[PDB]
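Mind docking chains C, X, U and Y on chain S? Use the hints.
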Amino acid sequence: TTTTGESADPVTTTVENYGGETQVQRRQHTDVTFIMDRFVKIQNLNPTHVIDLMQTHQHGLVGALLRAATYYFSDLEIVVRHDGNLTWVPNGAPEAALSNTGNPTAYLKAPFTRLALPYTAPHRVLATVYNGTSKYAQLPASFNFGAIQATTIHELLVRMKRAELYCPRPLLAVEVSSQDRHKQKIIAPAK
Amino acid sequence: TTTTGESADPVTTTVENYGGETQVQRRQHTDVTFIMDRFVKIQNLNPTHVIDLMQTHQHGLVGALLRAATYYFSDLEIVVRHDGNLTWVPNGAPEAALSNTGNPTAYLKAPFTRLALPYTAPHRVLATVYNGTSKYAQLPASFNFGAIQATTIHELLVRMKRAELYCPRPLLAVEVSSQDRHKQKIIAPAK
Amino acid sequence: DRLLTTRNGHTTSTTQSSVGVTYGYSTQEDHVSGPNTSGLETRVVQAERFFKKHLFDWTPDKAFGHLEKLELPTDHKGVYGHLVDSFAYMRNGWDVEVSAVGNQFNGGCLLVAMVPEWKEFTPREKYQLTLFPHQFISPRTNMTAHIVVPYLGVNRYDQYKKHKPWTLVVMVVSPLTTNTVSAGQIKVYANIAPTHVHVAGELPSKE
Amino acid sequence: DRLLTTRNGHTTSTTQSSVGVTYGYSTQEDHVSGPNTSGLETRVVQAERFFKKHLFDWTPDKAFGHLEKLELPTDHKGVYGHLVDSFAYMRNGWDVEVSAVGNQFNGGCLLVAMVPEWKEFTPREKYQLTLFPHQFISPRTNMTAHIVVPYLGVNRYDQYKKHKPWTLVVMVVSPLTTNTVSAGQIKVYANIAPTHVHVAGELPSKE
Amino acid sequence: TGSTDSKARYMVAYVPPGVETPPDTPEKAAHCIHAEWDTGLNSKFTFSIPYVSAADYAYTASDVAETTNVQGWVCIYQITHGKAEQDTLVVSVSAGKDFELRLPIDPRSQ
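Residue numbers (my numbering), protein chains in the order written: chain S, 63 to 253; chain C, 63 to 253; chain X, 15 to 221; chain U, 15 to 221; chain Y, 203 to 312.
Just chain S, with the same shape it has in the complex:
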């Protein structure tokens, strides 16, 4: 196909043009809700921890995909390996509240605790980038899913439920020195 490139209108040419035939495509895997729907690790933990999806690794499957969007929305599931009981408080709660049983508190039960939490921010959607301040770089303090507290938090896993992404942003593969390909060991039978 020949088109006026400057306009930037999308152009999707096909194999048919030179006698080929287009082949049926199944894209369930690339579906946003599906691909974001899985448990991923959070690395920097402390006995008192505020749930911030931006804590996900920047090159992780979810971490990178989340970053490749400007705005997002979702509910959540968390898995916590903790010593003592775990207390969670919603977005906007005083840190002091994590000390009280009246808030959702889960009594220890091996090997860990898995919970379903609702989106609790005061905004219609959240962002992975915010050009400006929230005070009278970092993101505004209100961009969180609440906080959790236990005597010791050994592991945290987060899972995005009902994810919605908006306004996509750059997503990068590892850079290549070789100038031909990026080569690495693909799994193959032993012997």
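One or more of the hints may lead you astray.
[To be verified] Below, simulated DSSO-like cross-link-like pairs (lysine-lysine); rule was C-alpha separation at most 30 Å, straight line:
| hint | chain 1 | residue 1 | chain 2 | residue 2 |
| --- | --- | --- | --- | --- |
| 1 | X | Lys-178 | X | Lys-76 |
| 2 | X | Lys-175 | U | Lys-91 |
| 3 | U | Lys-140 | U | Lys-175 |
| 4 | S | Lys-245 | X | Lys-220 |
| 5 | C | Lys-103 | S | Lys-253 |
| 6 | X | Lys-175 | X | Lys-140 |
| 7 | X | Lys-176 | S | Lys-247 |
| 8 | X | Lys-133 | X | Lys-76 |
| 9 | X | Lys-133 | S | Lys-253 |
| 10 | X | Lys-178 | X | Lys-201 |
| 11 | U | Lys-220 | X | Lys-66 |
| 12 | X | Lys-133 | X | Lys-176 |
| 13 | X | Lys-67 | X | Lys-220 |
| 14 | X | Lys-91 | U | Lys-178 |
| 15 | U | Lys-66 | U | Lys-220 |
| 16 | X | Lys-175 | X | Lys-220 |
| 17 | U | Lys-91 | U | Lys-67 |
| 18 | X | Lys-91 | X | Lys-67 |
| 19 | X | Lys-91 | U | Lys-67 |
| 20 | C | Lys-103 | X | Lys-133 |
| 21 | Y | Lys-246 | U | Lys-201 |
| 22 | U | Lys-175 | X | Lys-91 |
| 23 | S | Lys-247 | C | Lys-197 |
| 24 | U | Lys-220 | X | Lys-67 |
| 25 | U | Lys-91 | X | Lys-176 |
| 26 | U | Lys-201 | U | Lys-67 |
| 27 | U | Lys-140 | U | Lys-76 |
| 28 | U | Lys-66 | U | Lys-178 |
| 29 | X | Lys-91 | U | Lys-66 |
| 30 | X | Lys-83 | X | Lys-67 |
| 31 | X | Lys-91 | X | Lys-178 |
| 32 | U | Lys-66 | X | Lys-220 |
| 33 | U | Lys-220 | X | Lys-91 |
| 34 | U | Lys-66 | U | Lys-91 |
For the record, the hints were derived by calculation from the structure and aren't laboratory data.
Below, chains C, X, U and Y alone, put in the same frame as chain S:
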């Protein structure tokens, strides 16, 4: 029956020919999907292991039956006794991926882990023998069901689901020296 | 009646000692157009015709189990061979005729089979080569074996430089016997025709 | 509108300075099957696609009458060329694209013609080369000439080793002019596709 | 992106696996699946690299020259040009109508 043997057309003569009577047959046991549908051991294990049904013992019930076919297809179930968490990655994944929780990872729970895995090869069917190369004897590296990794893998069991076999090949019994029979101890009540 | 004329392109082969034709594993060909060629495959009928190869000399000394093989495709000095060099991917089945001319006073018996994915057979596995598409050639009855097989493999299309799905195999089942009136040896020849030849992925010229 | 995309097989050519297509002597092809091939001819579509040849460098020094020719078929390192070596007889027409890229600030004019049965032209006969199927390439107007011709000759089929019916001819009508803003020379290239390729008389292998 | 006074003619070819090295000339590459085009009023030209392989799927990663991870080359040639010495051809890529990605993985070093 008398036939022209050279043509090789199948000939199934019956007891009726000399006054006998054919007797009703039930063959559920010899059914391919049924007979392949059971757990079998894999012997050579390492903390990082690529699932290759050809790792099954050559004289094992499943191992031998699988070998007695040229092409096959099936889904899978595995049972793994492991230390630490177990991660599985699909056919074609970089070995480096086994290190990340984003891929199906099963947290340890005694006494072991039993999983249902889908066929993930890029070929319509796989082979037990391949006359040629896949690189620009062994079978091509793409003939696998993914890989698993844990700190230590003590046991692996595989089970073929929905098995389909094609193009049968030789299947052998143990060779006999005696020239009359192969004799062995058949189970019988004590005393 | 035992008289058979086979035609492939502008080439024919007539045999008056025919035991019939054996179809292996199928009577047809799977879709020759699937997702892996994106509609760019094409058929080349000019390649669907007979070519010849001498397999071996069946002599009285050769005992049971003596096995001769011919992996296909082989070196082809014609149109089909040029295809292999001009296209990245191809697929085709085989129409195979094997002849072993001596006379009715010879004895013995040969097994002619088409084997998918060849791998050397152990002595004991040779007692089961009849699991593959086959026929026998026994002097008292016939001088010709005829087998027809479809394309197959894990891939819908192949790179024959790298993989040979079919292998023609001839094995002595009972040694050639001779008398004053018989022939002394029997030269075995193959008459092969590639069928439903399709190519995809035209390659650049080498100069 | 002056935008034209031509397709031959799995090869395409798009030009945005197209003056249209000129059909020479016909818009179709005579019977490609006549008594001289006794029904044994066949079509080879795998050969009906574009191949390239550089004709010459159009420079300011070349005067009126300067003539360049390319007898067809030429040496073809692809499928079509193999056909010439594998078959005793062939026939086909030509889909010809000739490009001469400089810029709109160049002046001058080239004549592109397809000539049946070439024979060297005298200086005076060059004033009449427009009697043959043609178009002109003049920088102010176009960079491409496009002519389509059918197979012809005293014989319904040919032996290209021995006879070349068509000859592509490019002639300077008015010399290339250049200025500060124009190109200095213009390299002329041909984009050719054999059409309705039929062969008859398969030849033996050379080994 | 060249000026009004610069013209060029390009060619793009898909070279499938099977040849040792890519064609260095338009003549040799012409025998492949290719497209040629003029620079004119319309500045953009789109071409589809076809999926042609033995298996139904290909790996996204690469390891060493193997049949499942290298599917040939794309070669871009300039047939010729007129006054386009400093003028460029910007190239970008997108997914086709039937492009498909299959099995989710987390392979980045973390």
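Now the hints, each set against the structure:
| no. | hint | verdict |
| --- | --- | --- |
| 1 | X:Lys-178 / X:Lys-76 | holds (27 Å) |
| 2 | X:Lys-175 / U:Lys-91 | holds (21 Å) |
| 3 | U:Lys-140 / U:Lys-175 | holds (28 Å) |
| 4 | S:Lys-245 / X:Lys-220 | holds (28 Å) |
| 5 | C:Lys-103 / S:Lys-253 | holds (18 Å) |
| 6 | X:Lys-175 / X:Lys-140 | holds (28 Å) |
| 7 | X:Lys-176 / S:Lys-247 | holds (22 Å) |
| 8 | X:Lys-133 / X:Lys-76 | holds (22 Å) |
| 9 | X:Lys-133 / S:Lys-253 | holds (18 Å) |
| 10 | X:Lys-178 / X:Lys-201 | holds (25 Å) |
| 11 | U:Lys-220 / X:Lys-66 | holds (15 Å) |
| 12 | X:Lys-133 / X:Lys-176 | holds (15 Å) |
| 13 | X:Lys-67 / X:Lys-220 | holds (28 Å) |
| 14 | X:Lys-91 / U:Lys-178 | holds (28 Å) |
| 15 | U:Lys-66 / U:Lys-220 | holds (28 Å) |
| 16 | X:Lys-175 / X:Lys-220 | holds (16 Å) |
| 17 | U:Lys-91 / U:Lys-67 | holds (12 Å) |
| 18 | X:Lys-91 / X:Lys-67 | holds (12 Å) |
| 19 | X:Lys-91 / U:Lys-67 | holds (29 Å) |
| 20 | C:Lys-103 / X:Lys-133 | holds (26 Å) |
| 21 | Y:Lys-246 / U:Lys-201 | holds (24 Å) |
| 22 | U:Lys-175 / X:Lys-91 | holds (21 Å) |
| 23 | S:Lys-247 / C:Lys-197 | holds (14 Å) |
| 24 | U:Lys-220 / X:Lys-67 | holds (16 Å) |
| 25 | U:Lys-91 / X:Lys-176 | holds (24 Å) |
| 26 | U:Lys-201 / U:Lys-67 | holds (11 Å) |
| 27 | U:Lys-140 / U:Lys-76 | holds (15 Å) |
| 28 | U:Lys-66 / U:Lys-178 | holds (18 Å) |
| 29 | X:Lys-91 / U:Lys-66 | holds (28 Å) |
| 30 | X:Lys-83 / X:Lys-67 | holds (11 Å) |
| 31 | X:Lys-91 / X:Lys-178 | holds (17 Å) |
| 32 | U:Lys-66 / X:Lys-220 | holds (15 Å) |
| 33 | U:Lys-220 / X:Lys-91 | holds (8 Å) |
| 34 | U:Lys-66 / U:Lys-91 | holds (11 Å) |
Every hint from the earlier list agrees with this structure, and none is contradicted.
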